[PDB]
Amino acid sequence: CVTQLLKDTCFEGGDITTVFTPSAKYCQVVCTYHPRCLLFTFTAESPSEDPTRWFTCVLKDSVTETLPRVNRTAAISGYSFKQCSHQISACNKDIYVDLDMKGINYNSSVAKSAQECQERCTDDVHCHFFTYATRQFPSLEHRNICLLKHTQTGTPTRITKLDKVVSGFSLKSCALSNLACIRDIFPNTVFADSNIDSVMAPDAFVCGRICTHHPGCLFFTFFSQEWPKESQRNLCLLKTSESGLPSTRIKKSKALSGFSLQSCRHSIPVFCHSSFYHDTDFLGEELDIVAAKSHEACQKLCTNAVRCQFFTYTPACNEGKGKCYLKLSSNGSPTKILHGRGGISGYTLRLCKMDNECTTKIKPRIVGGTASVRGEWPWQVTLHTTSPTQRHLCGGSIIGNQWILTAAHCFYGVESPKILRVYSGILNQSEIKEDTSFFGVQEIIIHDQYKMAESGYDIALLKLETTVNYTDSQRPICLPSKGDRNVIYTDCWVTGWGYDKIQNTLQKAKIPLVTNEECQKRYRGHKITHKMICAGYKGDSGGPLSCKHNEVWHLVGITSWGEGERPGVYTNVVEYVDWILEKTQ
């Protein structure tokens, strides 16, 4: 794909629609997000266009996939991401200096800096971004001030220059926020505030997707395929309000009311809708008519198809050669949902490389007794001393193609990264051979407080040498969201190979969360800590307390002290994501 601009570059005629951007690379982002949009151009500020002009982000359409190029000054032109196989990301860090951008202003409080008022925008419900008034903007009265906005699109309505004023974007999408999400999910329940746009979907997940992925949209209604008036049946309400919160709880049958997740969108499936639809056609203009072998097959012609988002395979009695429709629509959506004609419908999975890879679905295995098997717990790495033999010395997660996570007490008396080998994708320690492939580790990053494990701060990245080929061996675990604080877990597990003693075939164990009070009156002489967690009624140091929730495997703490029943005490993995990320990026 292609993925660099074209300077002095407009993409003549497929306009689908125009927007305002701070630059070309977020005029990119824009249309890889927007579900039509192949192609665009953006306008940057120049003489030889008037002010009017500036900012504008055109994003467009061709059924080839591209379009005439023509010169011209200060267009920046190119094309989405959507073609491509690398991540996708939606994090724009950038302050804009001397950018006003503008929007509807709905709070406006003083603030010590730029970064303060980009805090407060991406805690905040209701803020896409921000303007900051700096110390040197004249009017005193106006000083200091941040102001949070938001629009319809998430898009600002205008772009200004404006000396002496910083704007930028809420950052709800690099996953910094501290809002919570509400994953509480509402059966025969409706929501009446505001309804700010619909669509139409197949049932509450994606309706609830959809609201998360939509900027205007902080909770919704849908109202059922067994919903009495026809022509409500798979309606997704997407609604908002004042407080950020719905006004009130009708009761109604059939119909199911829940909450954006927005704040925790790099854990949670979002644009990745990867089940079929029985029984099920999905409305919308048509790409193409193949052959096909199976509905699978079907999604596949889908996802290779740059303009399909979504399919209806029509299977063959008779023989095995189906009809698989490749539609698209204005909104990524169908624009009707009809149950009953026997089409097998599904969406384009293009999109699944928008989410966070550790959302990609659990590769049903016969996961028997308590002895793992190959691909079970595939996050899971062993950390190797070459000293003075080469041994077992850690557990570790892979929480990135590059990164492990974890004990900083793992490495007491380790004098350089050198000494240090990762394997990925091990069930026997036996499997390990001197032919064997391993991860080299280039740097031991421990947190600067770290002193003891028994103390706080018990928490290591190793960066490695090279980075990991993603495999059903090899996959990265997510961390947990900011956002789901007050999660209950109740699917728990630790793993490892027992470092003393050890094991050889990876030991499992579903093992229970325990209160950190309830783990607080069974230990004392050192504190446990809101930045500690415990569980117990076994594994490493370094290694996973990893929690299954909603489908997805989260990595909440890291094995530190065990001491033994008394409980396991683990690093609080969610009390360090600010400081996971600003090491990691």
Given for the second form:
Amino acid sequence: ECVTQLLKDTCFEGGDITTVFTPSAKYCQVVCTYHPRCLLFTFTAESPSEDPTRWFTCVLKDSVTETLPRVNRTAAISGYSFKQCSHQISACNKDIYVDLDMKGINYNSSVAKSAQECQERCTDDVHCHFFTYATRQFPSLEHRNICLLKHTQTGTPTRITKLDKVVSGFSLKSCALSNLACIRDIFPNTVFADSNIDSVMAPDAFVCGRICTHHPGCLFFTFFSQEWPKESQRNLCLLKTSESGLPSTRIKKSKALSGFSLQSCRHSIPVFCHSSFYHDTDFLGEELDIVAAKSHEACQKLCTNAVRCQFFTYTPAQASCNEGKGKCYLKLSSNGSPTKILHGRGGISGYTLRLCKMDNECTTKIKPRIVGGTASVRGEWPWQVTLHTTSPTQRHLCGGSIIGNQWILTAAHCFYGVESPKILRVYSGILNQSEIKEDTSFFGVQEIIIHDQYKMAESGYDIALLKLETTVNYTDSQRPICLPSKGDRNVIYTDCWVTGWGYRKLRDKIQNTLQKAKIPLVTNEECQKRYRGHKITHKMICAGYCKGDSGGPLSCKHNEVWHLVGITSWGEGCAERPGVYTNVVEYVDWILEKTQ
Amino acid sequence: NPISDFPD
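Having seen the form deposited without the partner chain, the form deposited with the partner chain bound:
To see the whole picture, the full complex is given below, headed by that same chain.
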């Protein structure tokens, strides 16, 4: 029951949790969605009927009935959060606000050629939440073209005022555009001593770090594990920051872990989605309900289906003697976390999966199935698609990868002498070519996007996008794959897979059942040595030492997520010599601008 | 950090 629609001139009476300041009601709704308690909100827009102090007031509310009394008021905009909704959600707001000054701690001031450039700085910076930028037209001269960066405890501005000839906007780290490097490397037996800006109780360091990530002020963190000596401090997740933006010192200690915010790589990593169960762990919180459940799995589904429930502990029928109906405790707290974490009273705890819809769908797990080297099989590579040509007669043309609901990502060289999209057929989730028949269902390609600069495969820009006529219902058979995040350029991928039907040209011949081969990456420079006749750009990556087709995916698995590191472009020829691929990372800005 | 707010 998503009421996505905002409510004009309406105020929701009472139930306030807190008050923040947002540029729009529309952003208020996002803030409400992402706060652990908020079901609904009331925004106060700029207007005579209200004093300047209360404009941009965004009031986060909760109700046990899940709603509140509506009273009309001028300038009041009110909504419900998206927790209640099936549709995916994003925290990424690209709005520039004209004549708006969003106040905060101003930690840096400089000259910028424009709002956009000011914003790329806000985004590329470790501390930046939102920026304000003074235009030329700005009367006071030495202030002209100053782009000043700010941060707050909450990530939202302490106040908002109208100041003409100025533009404010938010960091785009959550639009997946930041060039800031993510440090995924986690330090066991380590602690950090710097400003502690908040603290939660976490079941492990993974959740700790996830929590660090979506917390606006948290740059790095320390976790005091269950095995920590001081009892009071166990499972305590400490969220830290510093003026440099780095840990002042690495102190050595046992049973504590440290790490960093992943805010940059936010889109390729599970963040709000905690799918593990925690056994003989009980999560202390406020009790919402207690119900009969057959298992901790249905326990969780009850949690997820209960909108106020943030977490649960399931208590199983006792010690295998008892009838198998357990007790499901639906819990909540003030942040979305446990107040206390207790080990050894034999409950099974986890979180609400209602959160997961905030994650990018390319982060969801893939059922284990069977790992057979010889052949691929159902659901194994949900992103890979086969790209078919009608002319002369219908046959496999290329490989492609689903990077979107509406999008395939593939090679440009695949479209050589293709006169229109109208001849293209994209099939999804196909194991066998034999499997395709006249009745087989497929996606029509609405549009082919080839790189402005593309000329030839061995020239660099071999990449293309397909926009589909019709969006994909994701299924264990057909899913997206994540694009490498720019913050990850230094990641070392040790597990990589070329998939496809084996078409690098009509000769060679083709393949029926989808083929899969794990392949080592090879360094550019080492690659440059095997290819003398040709150059190898920073926009190309190699591998080998090759069952894939043209436009086919190079899928690297990192931290339990699949990334599309490269697209098969020209490798001449199975030999030894590695395939040369396009470097997807290097095209991120490009893909994003094209897909939005 | 000294940084000053834009004049009204």
